[PDB]
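This document opens with one chain alone, in structure tokens, the form deposited in one PDB entry.
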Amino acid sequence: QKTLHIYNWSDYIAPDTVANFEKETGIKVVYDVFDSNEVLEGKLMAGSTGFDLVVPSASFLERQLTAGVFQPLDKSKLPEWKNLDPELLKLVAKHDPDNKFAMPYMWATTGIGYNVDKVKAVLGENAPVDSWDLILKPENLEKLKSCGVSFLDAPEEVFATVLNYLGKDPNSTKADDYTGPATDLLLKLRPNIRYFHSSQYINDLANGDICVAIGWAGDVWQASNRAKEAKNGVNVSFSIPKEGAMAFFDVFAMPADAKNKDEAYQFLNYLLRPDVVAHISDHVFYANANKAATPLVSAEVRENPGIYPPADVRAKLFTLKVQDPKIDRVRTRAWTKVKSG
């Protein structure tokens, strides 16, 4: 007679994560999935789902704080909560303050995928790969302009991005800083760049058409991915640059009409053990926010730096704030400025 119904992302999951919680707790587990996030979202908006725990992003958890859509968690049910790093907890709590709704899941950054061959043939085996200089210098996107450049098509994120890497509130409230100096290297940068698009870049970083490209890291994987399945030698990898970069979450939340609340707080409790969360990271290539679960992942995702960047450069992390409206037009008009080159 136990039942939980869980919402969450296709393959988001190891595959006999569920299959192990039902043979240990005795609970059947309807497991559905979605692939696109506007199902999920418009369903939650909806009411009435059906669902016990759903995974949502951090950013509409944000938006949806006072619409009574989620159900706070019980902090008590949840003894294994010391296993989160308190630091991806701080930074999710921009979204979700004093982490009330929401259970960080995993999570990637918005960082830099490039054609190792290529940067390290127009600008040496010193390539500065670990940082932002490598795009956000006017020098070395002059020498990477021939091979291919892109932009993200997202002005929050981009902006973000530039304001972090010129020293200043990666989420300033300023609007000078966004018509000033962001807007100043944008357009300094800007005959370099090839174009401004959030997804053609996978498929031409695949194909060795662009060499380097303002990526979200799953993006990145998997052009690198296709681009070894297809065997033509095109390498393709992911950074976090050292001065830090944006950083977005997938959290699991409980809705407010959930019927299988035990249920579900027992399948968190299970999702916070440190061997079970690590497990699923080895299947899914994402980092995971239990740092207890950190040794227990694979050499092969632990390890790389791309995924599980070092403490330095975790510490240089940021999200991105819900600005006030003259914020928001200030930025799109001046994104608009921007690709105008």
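Positions refer to the first chain, counted from 1. Compared with the form deposited in another entry:
- Across the conformational change between these two forms, the residue of 247, 147, 221, 172 occupying the hinge between rigid parts is 247.
Having seen the form deposited in one PDB entry, could you give me the form deposited in another entry?
The text that comes after this line covers the one chain and nothing more.
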């Protein structure tokens, strides 16, 4: 009789996941969608979210835990918790100690989505698609300028990527690293960037309006799938460059003021079933954090090194650390200057 309120990212669930859950349990689910961590973090901090389950990034959940906005998950009501990958739990544990608040849902990387034919036409057959040189080196970006360049509107991810590319600590705590070399490189690349956006690059890659983009893996693969299913001749690929890339973990969490927690636990345990979350990965092209589900996901997604990256690629991935207010202020203030001109 009661209702379950879920707040998740867009295109972050299979089309029939909710319907199958309702038929199994008899619980009516109302499903709303967001497209930014700052939007979710806004509703979480501004007051009551009105939801029973939310899906923030692990790095943002750590900041939200300091405000007490979430309720610790009763593991006794999640028996299928064992299906989760223990190594991914340890990575999320850096933001959520002992995994008390967050259930890992999906994870991917921040890399380069690009049009294969357009990039090879501009930079040759030997285009450095395996390196951040493709998009972070000015001479490459100046020639790709004509076919469209877009960056994420995510200063924390872009600065960490630039710092790692420049040989610095990706989570550097020195403000001069952000205002100095990181900003200098970004200003050299700025005149060649068409726009800064965290979702528009998907359709623009699919229809061919842009040729290269900093984007999240599953978003680029969804853009690639829309181009193939549209039969428009657009070939979109994704690359985790050799210099390393930022990894993120999207997690389910329960706000402290959630109304129907019992129904929420039923939905979390439903997502912990290997067949349920494997079917989601088949449709959203994101690697799930369920170790038992990995053999169940389709080969077209499982064997993609841009979705389930191999061990030698995972060893070069880094994660975001939460910065103090001085670095967050410096990093955000410098990002505003870059976007202007």
